[PDB]
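Engineer: Use these hints to put chains A, C, G, D, E and H with the ligands onto chain B, whose structure you have.
One-letter residues, chain by chain:
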Amino acid sequence: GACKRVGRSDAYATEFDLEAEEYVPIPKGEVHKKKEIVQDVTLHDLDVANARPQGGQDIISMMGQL
Amino acid sequence: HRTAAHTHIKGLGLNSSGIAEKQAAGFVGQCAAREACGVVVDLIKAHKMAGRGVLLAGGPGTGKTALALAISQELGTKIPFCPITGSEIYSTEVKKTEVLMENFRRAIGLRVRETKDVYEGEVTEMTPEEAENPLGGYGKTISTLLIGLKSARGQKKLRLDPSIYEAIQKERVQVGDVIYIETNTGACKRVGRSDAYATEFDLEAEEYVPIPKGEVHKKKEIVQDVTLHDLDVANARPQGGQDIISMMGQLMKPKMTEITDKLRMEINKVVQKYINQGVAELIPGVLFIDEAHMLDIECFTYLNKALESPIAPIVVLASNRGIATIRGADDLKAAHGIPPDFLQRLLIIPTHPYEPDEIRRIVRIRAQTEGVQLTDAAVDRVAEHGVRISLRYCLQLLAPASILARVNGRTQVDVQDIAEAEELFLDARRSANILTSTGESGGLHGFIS
Amino acid sequence: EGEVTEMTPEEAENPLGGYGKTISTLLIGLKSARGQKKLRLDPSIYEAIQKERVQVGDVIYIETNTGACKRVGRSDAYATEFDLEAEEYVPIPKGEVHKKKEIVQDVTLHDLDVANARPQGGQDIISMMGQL
Amino acid sequence: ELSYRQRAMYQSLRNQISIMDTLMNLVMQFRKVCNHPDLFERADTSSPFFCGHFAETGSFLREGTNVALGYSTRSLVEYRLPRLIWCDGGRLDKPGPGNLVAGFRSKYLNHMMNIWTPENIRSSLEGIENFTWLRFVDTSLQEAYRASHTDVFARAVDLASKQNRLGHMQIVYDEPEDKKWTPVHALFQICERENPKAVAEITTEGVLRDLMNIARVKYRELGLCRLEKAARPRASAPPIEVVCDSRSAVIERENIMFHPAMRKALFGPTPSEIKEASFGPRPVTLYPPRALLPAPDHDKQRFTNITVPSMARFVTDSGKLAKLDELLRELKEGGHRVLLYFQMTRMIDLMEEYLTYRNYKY
Amino acid sequence: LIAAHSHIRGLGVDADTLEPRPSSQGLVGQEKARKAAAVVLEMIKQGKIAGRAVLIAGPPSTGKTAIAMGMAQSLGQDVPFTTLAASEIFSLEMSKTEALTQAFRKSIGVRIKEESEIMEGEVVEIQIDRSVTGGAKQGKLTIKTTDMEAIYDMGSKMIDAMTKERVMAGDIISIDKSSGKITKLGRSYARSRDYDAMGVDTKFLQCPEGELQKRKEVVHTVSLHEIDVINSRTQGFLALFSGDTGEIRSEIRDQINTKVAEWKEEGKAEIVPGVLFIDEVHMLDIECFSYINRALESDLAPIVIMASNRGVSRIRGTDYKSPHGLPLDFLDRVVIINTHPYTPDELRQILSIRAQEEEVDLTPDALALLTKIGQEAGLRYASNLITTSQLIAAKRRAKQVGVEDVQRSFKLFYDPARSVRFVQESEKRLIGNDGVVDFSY
Amino acid sequence: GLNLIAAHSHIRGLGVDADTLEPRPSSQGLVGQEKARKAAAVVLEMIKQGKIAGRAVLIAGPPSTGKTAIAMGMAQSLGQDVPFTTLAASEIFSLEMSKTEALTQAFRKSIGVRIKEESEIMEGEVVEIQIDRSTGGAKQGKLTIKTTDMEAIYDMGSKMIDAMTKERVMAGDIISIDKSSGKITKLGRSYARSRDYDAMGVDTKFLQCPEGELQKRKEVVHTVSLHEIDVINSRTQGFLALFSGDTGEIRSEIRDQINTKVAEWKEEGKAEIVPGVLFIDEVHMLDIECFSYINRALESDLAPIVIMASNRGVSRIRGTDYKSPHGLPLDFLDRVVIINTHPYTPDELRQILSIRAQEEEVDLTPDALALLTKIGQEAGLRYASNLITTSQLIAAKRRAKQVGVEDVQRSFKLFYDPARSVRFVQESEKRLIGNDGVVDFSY
Amino acid sequence: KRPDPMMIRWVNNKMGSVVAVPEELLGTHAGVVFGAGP
Ligand SMILES: Nc1ncnc2c1ncn2[C@@H]1O[C@H](COP(=O)(O)OP(=O)(O)O)[C@@H](O)[C@H]1O
Ligand SMILES: Nc1ncnc2c1ncn2[C@@H]1O[C@H](COP(=O)(O)OP(=O)(O)O)[C@@H](O)[C@H]1O
Ligand SMILES: Nc1ncnc2c1ncn2[C@@H]1O[C@H](COP(=O)(O)OP(=O)(O)O)[C@@H](O)[C@H]1O
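For the protein sequence lines, the chains are B, A, C, G, D, E and H, in the order given. If you read the first sequence in the entry's author numbering, its first letter stands for residue 199, the second for the next number, and so on. If you read the second sequence in the entry's author numbering, its first letter stands for residue 14, the second for the next number, and so on. If you read the third sequence in the entry's author numbering, its first letter stands for residue 133, the second for the next number, and so on. Mapping of the fourth sequence onto the entry's author numbering: residues 1221 to 1241, 1256 to 1596, in sequence order. If you read the fifth sequence in the entry's author numbering, its first letter stands for residue 20, the second for the next number, and so on. Mapping of the sixth sequence onto the entry's author numbering: residues 17 to 150, 152 to 460, in sequence order. If you read the seventh sequence in the entry's author numbering, its first letter stands for residue 441, the second for the next number, and so on.
Next up, chain B with everything else stripped away, as it sits in the complex:
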């Protein structure tokens, strides 16, 4: 359920002559890829993840202090 915007396809690169945009080539490979990944975690990673909201869940962490 992860997703990422890589950019705007450079077939649209001349929509305008200037726009604040990152034009990237269309992917040249297969549009769908299936990969076997062996993933390692530790019991401590589970502890940490269960003790407190982590990463982008905990945005207010940016204030530091408490």
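Bear in mind the hints are in silico, worked out from the structure with no lab data behind them. Quick reminder that beta carbons are idealized off the backbone N, C-alpha and C, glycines included. Hints may be right or wrong, so weigh each one.
Claimed, not checked - Some chain G residues near chain B, calculated using beta-carbon distances under 10 Å:
| no. | residue |
| --- | --- |
| 1 | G1330 |
| 2 | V1335 |
| 3 | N1348 |
| 4 | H1383 |
| 5 | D1385 |
| 6 | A1388 |
| 7 | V1476 |
| 8 | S1480 |
| 9 | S1482 |
| 10 | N1489 |
| 11 | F1492 |
Claimed, not checked - When the alpha-carbon atoms are kept at most 27 Å apart in a straight line, the in silico DSS-like pairs for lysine-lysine are as follows:
| no. | chain 1 | residue 1 | chain 2 | residue 2 |
| --- | --- | --- | --- | --- |
| 12 | G | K1452 | D | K125 |
| 13 | A | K282 | E | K222 |
| 14 | E | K287 | A | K153 |
| 15 | B | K202 | E | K200 |
| 16 | E | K235 | E | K200 |
| 17 | E | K203 | A | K286 |
| 18 | E | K115 | A | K109 |
| 19 | E | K203 | B | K231 |
| 20 | A | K169 | E | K203 |
| 21 | E | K159 | E | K176 |
| 22 | G | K1534 | A | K266 |
| 23 | A | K268 | D | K391 |
| 24 | G | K1431 | C | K226 |
| 25 | C | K183 | D | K159 |
| 26 | G | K1566 | D | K235 |
| 27 | G | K1266 | D | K283 |
| 28 | D | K156 | G | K1534 |
| 29 | A | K282 | E | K132 |
Structural biologist: Only chains A, C, G, D, E and H with the ligands this time, still in chain B's reference frame:
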């Protein structure tokens, strides 16, 4: 008006040739030390050398603190003089070497010209415009505010960014208010109601203010005095923007933090650009560490790095101790209570104990400063205590004796009033004898040991 | 105190111009386990009823030092109105419909220290983060 | 005698004498400061030094009447990162190509192997198992799962949408026959169901209410909410920013540093939402029910370090004007309202401002 | 309640000659110390002198606190009198230096003068408009005297206050426009009967008279520490009461010192220097003393009064002993006042004063015996027996404390000397300094 | 400028022949210490080659024998191309984090990741902007921009119109656009339009128009330390903690992930690793717990080279009650090589004083230089260097053009050296506060 | 003159108290308490 220990010191009392006048500017004597402190003053005003150390070494009461205060007055109020005791270095919030760096950078001044680019006027109209956020979950958001500002000379309509509208919301602005909008920060200040609405019939004490003169849009030039420490702190815990971090930073408890050397080197580059742009001038000053024997071996080791910094201030240390144990280094003893290693970096100005006639002359200066009149027999009697006990002790008698004199209606202190002050107010050594004599016996009436 | 048996406006005899309705009283029937009373309340209580979302059959109290009301919940006399409802149902008050009595409060002075140094009821974000 | 403001100006002028031992212009501006320091450099609305970039206006004449004020405020400390680090998987938590760990780890540690997910809690909900208490703490499995995953700010907004109903039960369920009734699903919520505060809100003489308000009453009685600020920060800055030449970095700056949901919580509902909430056929709740930004402790300074000059300073900043004010407030018994003469024309204008402050007629 | 120093109600000295009376204002004896203290009051009241450190020294009891507490009673309400126990300076929130800086600045007052306008009148009408489902509020108040009527706009903050106060027509209210406080004072006529739940009935008042507005000067005294706290923060002025202030940065205090001088020259503020009383100062450590050396040198320093029981004693944080437990370069800055142990004729007077304060009626024989006990066991012990004997006498329904009641109190409650003997006579059954003990009979 | 004359300002490098590593008797500001400067030159070769991980070198010698001077020389001869971290051992004693955390962070600052990224950048003088706001704004707009060599119009997308209106771009502004992200930086104002800038004060500077292509692929080289990647990944704006310094004890599993990620970038060629050097001045101020940590932090492929300086003899190790050479435990000295610095001869003292006198603005007569050299032998090199500044100020006050012997003699009289100051405390012993706290204030 | 469509008015005087509701709010959820909902 209020008179403190050093209120008579006004300066080093030197000639234009740099030689001490034997009694000038509140001083008596210390002539060799006053001359050396003159050369320190000239080292600072030259603003060319970083990181030179000076030790005021000499017994308690020999004017080391007076001299440091005289340096501050010879330099005047443009130059940072940053006085601390060694006891202040022991913060609970941050490491001791952090408060050394903060105080090093408080000792370096900067004068900078700043352009405030600003909008002003009576708010004539104010109208929000909105974004229909489909799936953010927070609902709608205001996309801009349109606001009409009117001055005496002209008028504008401003389409404000949302983050500037949030500033206006915080400032509780309404139509007919006069407001100020600093585009540097995006901050908004409500100056008041327009005088066009000036009426008694509102329960709240409104500021009715006249319409701003001139154009709605202005640029103001302001000359600001800041230290490098103020810039460090501003950028460590930011509070100037209208972003969410700045906003919440104004609500959280103030807290010192161990500002990194990355921030300090970055702020050097910022200041260097103000200098190259010609908007700023550097005003390097002086840090006075009183009671420097109360530092510790970690502090002194840190000064060996810190004084190498190419923008370090001038550091004046005072110590009153003979051969003494270095704190935190209980096996190591050295003169002044200063490690031998760090002592090699300093120029030592020794100060010396006073003669009986210098003490007599200090009594008169100090009596004049507290505004109390003595007979010459009184001045002689007090000077005797300065010789026999201590300068500090004899100066403490002037204020008690003046009250005791006035209590008998005599406006001038005479020997009877000092003779009474001696008996009401003991010195350390008369009190120490009472301890020892009574301490022959315990029981109910013993002093607790 | 009671469950709200009824809520009923009275139109005013001198309605204001340009307004669709003018209400001079807001009658509320309160039922406790021990009685029934018609409260002829001041019209301004409309504010609390809307904000508290008071319905007929909800248990409420009205305090005379403010004249507002607070909602305790929906009476469990209605716990069968639906197969599913997001209500906690609360019993009808077993006191009189009008409860006037003296109450004795015991506090240590330390409780007053903490109640002042750490105020508890704050509605703002910083108070609410605080209590969490 | 000169005011401290006059004294500072006069001193800076006699610093010029170090060159000179223009003296005609010097003595003329000595005369100005001795009249009023606002003749020399008028006091104005002021703020700390701002240590930041902003876009300044280059031309006033070409700006016109309609202009868009963008938010240009930017840090001069300007941390530059390659997009390899800041965007393309040098950040461990953000999934993407070249960060294959992060998407897996996000799902498994927050949902699959996470003790707080409702499917996991429900297995432990009984006996002496670790969520056995959940039955009595007045929270659902859904709410337990929410509180474990949202941060303390988001939870605090959700807490705004709640009611102190256990405190109201203390008012209502009061008689011995009520047996201190408490919902069994709220049984362990002991200190909320009984504390003195709720009762003290309701008693007709607020003795225990006043005792709990002393600290804030005293604070306001001292006028410390209204006294002029005696200090402020000398410099002020906006937050440091990453500079990374990617569009994603710019998007991320807006998402975090100008975070919409936090801002919406702080400043509350928009005007259209208030209309839709008010004209609808049925009530509707609002994302925050109210603006959650606190009230400022200082009634006049509020959330800014901007300071505005005042007529009180204006009178006292000239020693002559301060002295003149004292004698005018008795010569009012004689009249002579315009028996005043000036060697400088602008001094007459300043005196009109003073007189209008005094409301003294010409 | 009655406390240890409740009888002390002044310093007991002639205000003209500063001569101590042998008994006055609850103080007895110690005449040299009481005269020396009377002079220090003059230094305080004049305020010109900054940073004089006075040490009251003497053996336990002998009234070192009693004299310092007598001074507090002589200064009255306007002057700050901060009392520190030296053990309060050790903190986890802040450094000792910061704790001392705050206590020094607590001892300097700032008497601000402000002028305020108060309205007072009968409310004739009140009108409030409220948004549905929103915060927007506006309103108008029609308010009356026997001689004026006017309609005032109300903002949202007023409407909140007005409803909190339940302002209704016929209420007499006053409004301070500066603070925004509303207070009700009564009603011009009965509370109307048609509505229920209308609240408690008020006082009656006739309508206020004259003008609605009047100006009123109001004076507020705040310490420099309060100003420090308020200005180190945007938000959180609750820290003034909660502690929790952190280590306030020194460049803030520099600014406050300048502004207070500016406020003084402008006539905005009057600075009011008070005293810091440090009790049991021998509890400070060597770093504290090094700070105080130079805190005293400021022109904003208070006068600092200190008490010590110590003989030649080890300085804390230090290897070596020194008189009073205080270091010598500190004592160079300090004048010492010595208290002395009491004569039996003084103990009899002090005990008589305690008995009067505690409302206890001693027989002359009980007072004689308590005086004798006072010589052998100390003034505090004999003062404790006064309260105890009163209770024992009351249980037997005696009118007065007799010798029999004092003797029984002496029997029940051990003299600090007898307890030391008891400790010696059971050294095996009490736990030793090496932890050994025997529990067997 | 901002950079004032500090104690080490004269040191520009190591003064060593790049071919043979033979040190020259004086060059680049370093005099003598030839055997020590040769050894420091060998260490630079190790640092610059990057091959060797976690060597620890101790510079051991008496005070004021150029241990810091040699350390400054190495920093200057590596330049900005290598991470150089300068740590005072006193800094490890944080309250924000444990000592070993602070030592990990210091090690991590001293390994760099070097990353190369291109961007197209557009730079030129603005000839014109028009924007049509209708009325919500940013509906369309055109930018005309030029160099001396080219001119173009651009149709602008609406977010570029927002960038332009935010940065208040107007005709005559010289701007750069990082078009991969659309930030505008206003490089300056053209002189050719000076009259249009009616609001700019007279202090305003003006540039010439840019030149060449309006668009260039600029390549930027970044170095980011391992510590920065760690701190970035610690919280939502963790990079801010690189400045405020409130990094907690960053969890070690974060660092291990980063170590793996960086080895991945190395093998893919996306990044290069640049091992730097950590300099620990007064290494004897570390305690026994620090030394046992450093032992094993050195044994890692991501360890910098470490360089340490100590004045200490056989001295007590901190955190224990026994004594060891340099104040350092033998367990640690086994993994260290020592470079020893000697005292200077008088002709070296003369040269160092001369260089210090030329770095400062001081015209020094030959006899004053001879006198300062005698003082150097007897009072120490630091004291004599401090007298240079003093004598200049004394000469200046009497308006003299050169520092003469007369001026050095005032300085010698006014400011005591260490040994004279030691005698002063011994003769003043009853008047100073002794180690027993006793003192007599009386005459 | 016409009242603000969104503001309900309370007013109190010697005769007691009334609330008055905009006809724009009758037929909304706000009207229900006044007996004039949708
Ligand atoms: N040469 C002097 N002339 C006049 N007053 C002096 C002189 N030296 C010291 N004093 C005064 O005597 C007191 C003691 O000096 P101080 O500087 O406090 O000694 P220390 O070296 O312990 O700091 C202070 O009140 C100071 O103002
Ligand atoms: N001279 C005195 N006159 C009146 N009461 C005294 C006198 N001396 C001591 N007391 C009282 O006896 C008790 C002990 O004296 P206190 O001042 O506490 O001694 P210390 O010097 O140890 O602080 C206190 O209750 C005090 O009120
Ligand atoms: N060989 C040298 N060449 C040039 N300058 C030197 C030399 N040795 C020392 N110095 C300078 O003399 C001073 C003392 O030497 P330094 O290296 O700081 O002392 P330490 O060895 O105690 O750290 C410094 O200013 C340093 O720059």
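Engineer: Against each hint, give a clear statement of whether it holds in the structure.
Structural biologist: Verification of the supplied hints:
1. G1330: Because about 4 Å separates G1330 of chain G from the closest Cβ in chain B, which is inside the 10 Å limit, the hint holds.
2. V1335: Constraint on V1335 of chain G satisfied, holds at 7 Å.
3. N1348: With a closest approach of 6 Å, the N1348 of chain G hint holds.
4. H1383: holds, 6 Å
5. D1385: Holds, about 4 Å.
6. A1388: Hint holds; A1388 of chain G Cβ to chain B Cβ min 8 Å, cut 10 Å.
7. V1476: With a closest approach of 13 Å, the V1476 of chain G hint is violated.
8. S1480: holds, 6 Å
9. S1482: With Cβ-Cβ at 7 Å, under 10 Å, it holds.
10. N1489: holds, 9 Å
11. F1492: Cβ of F1492 of chain G sits 12 Å from chain B, so the hint is violated.
12. G:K1452 x D:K125: holds, 16 Å
13. A:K282 x E:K222: Given that 27 Å is the threshold and the Cα spacing comes to 20 Å, the pair holds.
14. E:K287 x A:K153: violated, 43 Å
15. B:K202 x E:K200: Holds - the C-alpha atoms of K200 of chain E and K202 of chain B are around 22 Å apart, at most 27 Å.
16. E:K235 x E:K200: holds, 15 Å
17. E:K203 x A:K286: holds, 15 Å
18. E:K115 x A:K109: holds, 14 Å
19. E:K203 x B:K231: Violated, because 44 Å separates the two Cα atoms, which is more than 27 Å.
20. A:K169 x E:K203: holds, 26 Å
21. E:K159 x E:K176: holds, 13 Å
22. G:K1534 x A:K266: holds, 20 Å
23. A:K268 x D:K391: violated, 59 Å
24. G:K1431 x C:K226: This hinted pair holds, its Cα atoms lying about 23 Å apart.
25. C:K183 x D:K159: holds, 23 Å
26. G:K1566 x D:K235: Since the Cα atoms of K1566 of chain G and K235 of chain D sit roughly 21 Å apart, the hinted pair holds (cutoff 27 Å).
27. G:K1266 x D:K283: holds, 25 Å
28. D:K156 x G:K1534: holds, 21 Å
29. A:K282 x E:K132: holds, 24 Å
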